[PDB]
Amino acid sequence: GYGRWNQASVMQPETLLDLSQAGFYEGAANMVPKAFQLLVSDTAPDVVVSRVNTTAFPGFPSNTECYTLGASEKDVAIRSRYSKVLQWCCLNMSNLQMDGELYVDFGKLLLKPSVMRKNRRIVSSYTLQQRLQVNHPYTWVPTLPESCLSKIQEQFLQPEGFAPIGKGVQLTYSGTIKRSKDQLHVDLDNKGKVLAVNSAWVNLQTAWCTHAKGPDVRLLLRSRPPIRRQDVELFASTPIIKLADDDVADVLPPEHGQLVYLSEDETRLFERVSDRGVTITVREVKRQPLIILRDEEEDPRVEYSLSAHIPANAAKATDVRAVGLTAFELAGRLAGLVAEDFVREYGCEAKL
Amino acid sequence: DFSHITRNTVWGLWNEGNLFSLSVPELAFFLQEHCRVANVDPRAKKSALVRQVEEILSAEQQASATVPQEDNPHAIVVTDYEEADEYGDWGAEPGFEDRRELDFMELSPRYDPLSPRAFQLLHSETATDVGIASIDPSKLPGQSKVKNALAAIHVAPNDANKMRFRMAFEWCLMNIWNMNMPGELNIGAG
Amino acid sequence: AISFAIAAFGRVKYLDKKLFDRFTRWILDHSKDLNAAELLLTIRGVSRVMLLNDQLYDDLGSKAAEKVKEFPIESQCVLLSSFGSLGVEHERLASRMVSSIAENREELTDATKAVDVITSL
Amino acid sequence: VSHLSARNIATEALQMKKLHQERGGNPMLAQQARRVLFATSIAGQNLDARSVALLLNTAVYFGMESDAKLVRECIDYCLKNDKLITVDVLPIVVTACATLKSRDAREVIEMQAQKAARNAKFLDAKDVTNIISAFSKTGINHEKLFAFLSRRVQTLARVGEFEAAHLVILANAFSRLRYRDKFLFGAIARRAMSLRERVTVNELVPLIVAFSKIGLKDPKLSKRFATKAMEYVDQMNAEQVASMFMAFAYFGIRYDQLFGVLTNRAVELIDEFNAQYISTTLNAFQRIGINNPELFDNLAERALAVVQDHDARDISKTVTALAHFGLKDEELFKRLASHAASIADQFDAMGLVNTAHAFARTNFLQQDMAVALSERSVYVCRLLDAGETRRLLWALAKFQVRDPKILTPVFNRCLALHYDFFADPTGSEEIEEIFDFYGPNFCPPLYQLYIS
Amino acid sequence: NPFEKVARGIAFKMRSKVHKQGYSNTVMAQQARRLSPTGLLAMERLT
Amino acid sequence: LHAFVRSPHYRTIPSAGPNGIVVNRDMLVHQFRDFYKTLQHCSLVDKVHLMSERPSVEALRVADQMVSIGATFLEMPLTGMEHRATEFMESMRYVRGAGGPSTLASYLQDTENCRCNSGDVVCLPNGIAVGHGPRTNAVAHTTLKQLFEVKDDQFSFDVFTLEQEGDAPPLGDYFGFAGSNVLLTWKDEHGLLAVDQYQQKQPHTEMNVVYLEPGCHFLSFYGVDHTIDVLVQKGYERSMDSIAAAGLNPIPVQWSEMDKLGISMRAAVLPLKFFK
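Protein sequences, first through last, are from chains 1, 2, 4, 6, 3 and 5. Following the deposited numbering, the numbering of the first sequence begins with 122 at its first residue and continues without gaps. Numbers 45 to 125, 133 to 160, 166 to 246, taken from the deposited numbering, label the letters of the second sequence in order. Following the deposited numbering, the numbering of the third sequence begins with 847 at its first residue and continues without gaps. Following the deposited numbering, the numbering of the fourth sequence begins with 58 at its first residue and continues without gaps. Following the deposited numbering, the numbering of the fifth sequence begins with 3 at its first residue and continues without gaps. Following the deposited numbering, the numbering of the sixth sequence begins with 11 at its first residue and continues without gaps.
Please keep in mind that the hints were generated in silico from the structure rather than gathered at the bench. Among the clues, some could well be false.
What the hints assert, rightly or not - Cβ pair distances, simulated, as ranges:
hint, chain 1, residue 1, chain 2, residue 2, range
1, 1, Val323, 6, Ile508, 53 to 61 Å
2, 6, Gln78, 1, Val323, 36 to 44 Å
3, 1, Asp310, 2, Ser47, 19 to 27 Å
4, 2, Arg151, 1, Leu270, 53 to 61 Å
5, 1, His377, 2, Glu70, 22 to 30 Å
6, 2, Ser47, 6, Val324, 51 to 59 Å
7, 3, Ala9, 5, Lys47, 49 to 57 Å
8, 1, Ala436, 2, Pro69, 26 to 34 Å
9, 2, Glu70, 1, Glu387, 39 to 47 Å
10, 1, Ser235, 2, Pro86, 52 to 60 Å
11, 2, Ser47, 6, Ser98, 36 to 44 Å
12, 2, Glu226, 6, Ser485, 53 to 61 Å
13, 1, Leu270, 6, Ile508, 47 to 55 Å
14, 3, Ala9, 6, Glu130, 28 to 36 Å
Claimed, not checked - Listed next, the stretches of chain 1 that the computed footprint assigns to chain 2, with coverage defined by at least 3 CB atoms under 8 Å from CB atoms of chain 2:
hint, region
15, 162 to 174
16, 192 to 203
17, 254 to 266
18, 344 to 356
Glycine included, every Cβ here is placed at the ideal spot set by N, Cα and C.
The following block holds chain 1 by itself, in its conformation from the complex:
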C-alpha cells in the first residue's frame, strides 16, 4: 500500500494475455504418434473393377457404358495395407530422429466380454478396430507348445541362413522397476550383477494379424526412450536381488523404487543375414516367473521371438518395406508348421 495508489499508470495497449504451462508436452506416454491394426485372415475387404461385352441386350448394347464388379485375392490386401502403414510409421519415426526395431511374436489373442454387445456375432472390422482402442480390452498372452523343436529346426533354418551362434542355454534374470514417474527394465546375470538398465518400451506400430486354429502373429514396431545415465550408474552399486542357495530375495531400498516383476530366463539365439545387411534373429525364452504382481502370469511359459534392426538411416537408403514383407512371409511358415500340435494334444482352438 505505497507509491501513489491514486495515480494508476497508463496501461500500454500492446499487452495481450499470456499463460505459462509446464509439463503439458513432457511425459513418456505423450511421446510419439501411434497407430493400430486389426487383421483377420480369410478376408477380402475390396472390390475389383471389370468390364464385359453385353451384345445380347436390346437397348444400349455398347460395351463402353458397361461396368461390373468382381472379387479379389485374400493376402494381397492385408499385405499391402500392412506395408503401407509400416512405411508411414517408419518414415515418421525417422523424421523425429529416433531409432527402433521390428518385433515378431507367437501366441494367442483373448478379448474381454466388453467388446461383445447385445448378443451380436457379425461386426464390421472398422467397428471392432475402433472399439478396441478405448480401454485396451485385449489380453494377449505369449505362448507356444514345446513339443515341436524336433520339426522347428526342420523349417529350412539352415537353407534360409538361420544358424546357431553364441552359447546356448544361457541363464539370466529379467526384472522391472516402477520409479516415481516412469518404468525401467533390468537384465541381471546368473550371479546377480545387473547387465543392462533400459527404459520401458513404447510401441509405435501395432499389428494383430490373427490366424486359423493355429497360432496368430502380432508384428510390432518398437522404440526405446532415452534415460539419464546418472540413473543408469545409480542402479549398479545398490544391490537389487540377493541369490541364496535356492531362493532369491529382493533388497532394493524403498527410496529407489519397487520390484514388481522378476523372472528367470533360459536363452539361446539363432541368426540369419540374407545378403542384404538385415539381421533376422530368432531367440528362445523358456521363462518361469518368480516374482509377480498381477494374477494372470502364474505359469511356466516358453515362447519364440523374431527380430531385426532398423537404425535411423533407412529413410534414404534402406528399403524398409522389404524387411516387413519378408518377416510376414516367413512367420506364416512357422505358424503353419506348429499349427497341428497347437490344437492336437496341447491347446484347444474351436473357431466356429
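Here the structure of chain 1 is known, so what remains is to put chains 2, 4, 6, 3 and 5 in place on it, guided by the hints.
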C-alpha cells in the same frame, strides 16, 4: 552434458514456454551440438543462452502450422486438373459409436420418383464383416481362472449378407408401418 | 507482497494459474482485515487477467463498499471501471459508490470522466 | 474455482489472429494463442452464437483439431442448439468444421445444408457467395441446395449486383465442387463481361482457370476470353502466364495469335521461372501439339540451375513431355536421372510406369535408376491396368531384369488379366517385342494363351 | 524438396496432436480414477 | 432506408389492363432493370433487395402490407386481402432477413375493426397525417392518437386528420412531402382541398408549397437522413421545372406502361427503417 537432452525435449519445452527450467551446461551442449554454433564463452548466464537458443529455433522453423480459415482471391492453384483414415487405423476418431444404428445403409435427410431413399450394395464373393466366437482358454499359461474368452474369426459372406438384409428389413418395416402407406415388396431378376 | 505481486502481474497480463489459485485461496481465508489502498491494488490486478470468480469478487466488493470515504475520486472511477470491464454485477457496490461521485461532482476534471463513469455503470 | 472470461478471451484471440496474419506470422503469436486457448473452457457461462463461432474459428486457424478440449466443447452447442445459427455466422461455422476428421464434425454440416436448402431464396449477393464458398471446401454434394443457389445466382445476375470480386469466388467454388451448368456459367461470363475495364488481370486469370477446370464446354465462350486476354498480357508475371497457358491448352482451341504473343512476352521473365511450374507449361504443349522449339530450348536451358525444387510429379511430367520433341540432351538427363533416383522413394504407380516408359524411350539406361525403379515397381504392380501393366513389363524388359522376385508378380497379374492384355490393338507391337525379347520359358500359360 | 517440407509439416502436426488433453488419454485417466470394489466400503468405514 | 421491390412475371403478365389500352410485355421487363438502377443510385434509399418471382401480377404491389412510421412497424389489417395472404407471408421473410419484427402492429392489426391502407398515413416533421376518406376510419386515427402522440416543448408530435372526397385517391398518391420545408401537391381539387386542410392546422409550420400538374406519380421520403432529390415520371415536363425552381434536384424515371397497368410510386417500393 549428456544424451537425455534431445531435439524433441527442447522442442516440447519451447512450445510450453518453460525453457528456463534448464541448467547452463545443458543449454551450452544443445547449442554446441544441435544448433551447431561456432563457439560459446563459458561465462554467459541463462538469459543470453536462452535468447540465442530461442532465436535459432524460431529462425529454422519454417513448417507453417496455421490453416487459413478464410476466403481469398488472386490465389492460383492447379490440383484437381481421408483415404488413409478410410480404414480407420491412425488413431481413435473422437465421438464414435454415439450415432443411430445406420452402419449397414446410407441414409440422407416427400415424394420423388427415381430417388432411392436408402441404398445398400451387396456381394456374394466379397463381404466386409468379421465375426466373434467363444473359446476355452483354460489350457493357456495364465488364463486358468477364466472360462470364456472371445476371439476374432472370419465368417461366411452369405450369413453376413442375410444379417444386413434383415437389419435393413426391420427398419423398413417399422418405417412403412409408421407411415402406414400401402406396402409392396418386389424381388426382380436381371 | 500479495497485493503488490497481484498488481504487478495484472499490469502486464502474465496470469499464472496455480499461483493465482493459491493467492485467491489465501486472500479468501484472511479477507476481513485488508486495509484500504490494497483492495484497489488487487481488484484491478485480478480483473485485468480475466478471472471470473464469484465468491472472491463478492467478498472484495462487500469490503470495498464498507470502506467508501477512504477512496478518492479517481480511485472510485477506477474501481467502478474494473468491475465494469469484465461484466460482473454488484448492486450494493454501485449504489454505495455512485453517491460519493455524485456529491463530489464539482471536482471532476471535465464531463468526459462523467460520461465514462455512466458508461461503466 | 477459477475460469477465464470466454467473451474477452474471444476478443483477444481475434486481435491475436489479426496481428499474426497481417505481420508475417512469427511462431511466438501462434504459441501464445495456443497457450491462452488451451486453458479456455466454455462452461456455465451464457455465450451467444457469435462468441462461440469466433472461438471455433480462431482455434481451428491456430492449428487445433478434435484432440483439444475447447474444440470438442465447441462442436457441441451446435449439435443441440441449431436454431441459434444465422446466415451471418453460418459460413464461419461451416468452413470451421471442414478439415476436422471427427464424425460429429460431419453431422453438423449436414444440418447446415438443410438449413441452407430452404433459405437459398431469401439471401443477398454477399450471403450467397459466402455460403457457396463455405460449402465448397467441405465436399458435400446435396443437389437440391446447389440447384437452388444456382437459380438465386442467375436471378441476381440479371441486374448487375456483383462486384468484380465475388465472381471469382463463385466460379472457383462451383468448379471445385464439380457441378456443371451452361446457364449459370453463361450468366457469370456475361456479368463479368458487363464490368468492362474493372476486372484486372489479377482478377481475370482465376476466372479463366475455373472455367477451364470444367472444360467440358462449347466454343464462342473461350473465343471472347481470347479477345480480353490480348491486352492483359503486359502486366502479369510468370505464374499467371503458365496457369492461363495450361487453361487455354485444356480449352482445346488453337489460338495462334494468343499463343504467339504469349511466347513473345514469356521470354523476358524466363529468370523468374522457379522450375516448379515448368512442368505444366511443358506438358500443355504435349496436350495441344504446338511444337515451337525456341521456347522449348529456352526452358531446357533453365533446368540444371533449378533441379532440387523438382519433385517426383514434376520430373515425371517433364520427361513425359520431353518424350515428344526428343532432344535427348544427356547433360540435363544424367542430372535429372540422379535427382529422380534420390526422390524415387516417394512416387506414384501410374507415374512410375510413365517414368519407366519414357526412360526406355529415350534409350538412356544407367544402373542406379534402373535397379531402383525395378525395386520399387513391385509395390505398385498390383493395381496397374492392362496397358499400364504392359508398359511396365516392357520397361523391365528393356531394363534387362531377370530377378524372379520381380518378374513373378507381374507375370501373375498379366496371367490373371490376359483377356484385356491381349485385346489392345494399338499396343500390339509392344507385346510383340516383349516375348521375342524374353522367350517362351518363363510362363508356359502365357505361351499357349498367345499361341491361340 | 517441397515433398520434404510437406513431410516435415505433417510429421510435426501429428506430433503436436498428442498431448495430455487427448480423448483416449482422458479415458485412461478416468479408468485409473475408478475405485476398487472394496474402495467404496473403505470410504464408508472412514466416514 | 430499406427498400423492397418485386420483379414482374413475364409469362402471366396480362395485356390490355383495366383501361382499354394494350401493353407491351417485353417493355415492362426492359424498364424494370433501369428503374432498379435509378432507385439504387438516387440516394433516397440505403439498400434495395430483389424479391423473388410470383405468378400473380397483383403481387407486384410490394406495399399495402406494412408501414414504417418510426423504429417500429405496423402491419395492415386483413380486410379483403385474404386471397393473397399467402404471398404476404413470403414478403415478411425478406424483411426479417435483414431486420427485426418490431412491434408487429399487434396494437393495430388487432384493433377490433380496422380499415387501413399503406398511403393513407404519411409522416412529416413532428407530425403524422391520416387521410380520412373511403379507406381509413376514425378508429385508426384514435389508435394513432393513443400510440404515436407526445406533447411538450421538445416532445412535440402531432396528428392531422385530413378530410377528402369519396372519389379521391389515397392520400400518399397526390400530395406528398420532401425534406427542407418543401411540400409537393397536385394542382387539382383534391390537392387544393388537402393544402387548405393542412393550412387550417398548425399555422406556424411555415411550409412552402410547389404545385404539379395532376396525374403525376412521384416518390419522396422524409427519412432520418436529409436529402434534396425527388423521383418524377418522365412525362409532364413542366413539373420538373416547377420543382427545380425551388432548389430540389429532380430525377426522371419512365413509368408509361406500368401507369397504364395502374401502379404508382408509393406501391412500387416498400420503405423501412432498420436500427440496432
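Status of the hints after comparison with the structure:
1. Between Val323 (chain 1) and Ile508 (chain 6) the beta carbon distance is about 58 Å. The supplied range of 53 to 61 Å therefore holds.
2. In this structure the hint that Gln78 (chain 6) and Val323 (chain 1) lie 36 to 44 Å apart at CB holds, the actual value being about 38 Å.
3. About 25 Å separates the C-beta atoms of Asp310 (chain 1) and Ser47 (chain 2), a value consistent with the hinted range of 19 to 27 Å.
4. Between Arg151 (chain 2) and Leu270 (chain 1) the beta carbons are some 54 Å apart, a value that agrees with the proposed interval 53 to 61 Å.
5. At roughly 24 Å, the beta-carbon separation of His377 (chain 1) and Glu70 (chain 2) lies within the given 22 to 30 Å, and the hint holds.
6. For the pair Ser47 (chain 2) and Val324 (chain 6), the supplied restraint of 51 to 59 Å holds, since their beta-carbon distance comes to about 56 Å.
7. Checked against the hint of 49 to 57 Å, the C-beta distance between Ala9 (chain 3) and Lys47 (chain 5) comes to roughly 55 Å, which is consistent with it.
8. Between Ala436 (chain 1) and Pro69 (chain 2) the C-beta distance comes to about 31 Å, which sits within the given range of 26 to 34 Å.
9. For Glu70 (chain 2) and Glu387 (chain 1), the Cβ-Cβ distance of about 43 Å falls inside the hinted range of 39 to 47 Å, so the restraint holds.
10. Here the CB-CB span from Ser235 (chain 1) to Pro86 (chain 2) is close to 59 Å, well matched to the stated 52 to 60 Å.
11. Restraint check, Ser47 (chain 2) to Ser98 (chain 6): a C-beta distance of roughly 39 Å satisfies the suggested window 36 to 44 Å.
12. For the hinted restraint 53 to 61 Å between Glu226 (chain 2) and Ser485 (chain 6), the CB-CB distance of approximately 55 Å keeps it satisfied.
13. Distance hint for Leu270 (chain 1) and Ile508 (chain 6): a CB-CB separation of about 51 Å, consistent with the stated range 47 to 55 Å.
14. For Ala9 (chain 3) paired with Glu130 (chain 6), a C-beta distance near 32 Å keeps the hint of 28 to 36 Å intact.
15. With a threshold of 8 Å between beta carbons, the proposed coverage of the region 162 to 174 of chain 1 by chain 2 holds, since 7 of its residues qualify and at least three are required.
16. Evaluation of the coverage hint for the region 192 to 203 of chain 1: fulfilled, as 3 residues show C-beta separations to chain 2 shorter than 8 Å, against a requirement of three.
17. For the region 254 to 266 of chain 1, the stated coverage by chain 2 is satisfied: 5 residues place a CB nearer than 8 Å to a CB of that chain, which reaches the threshold of 3.
18. Check on the region 344 to 356 of chain 1: 5 of its residues sit with their Cβ under 8 Å from a Cβ of chain 2, so the three-residue criterion for coverage holds.
No hint from the list above goes unmet by this structure.
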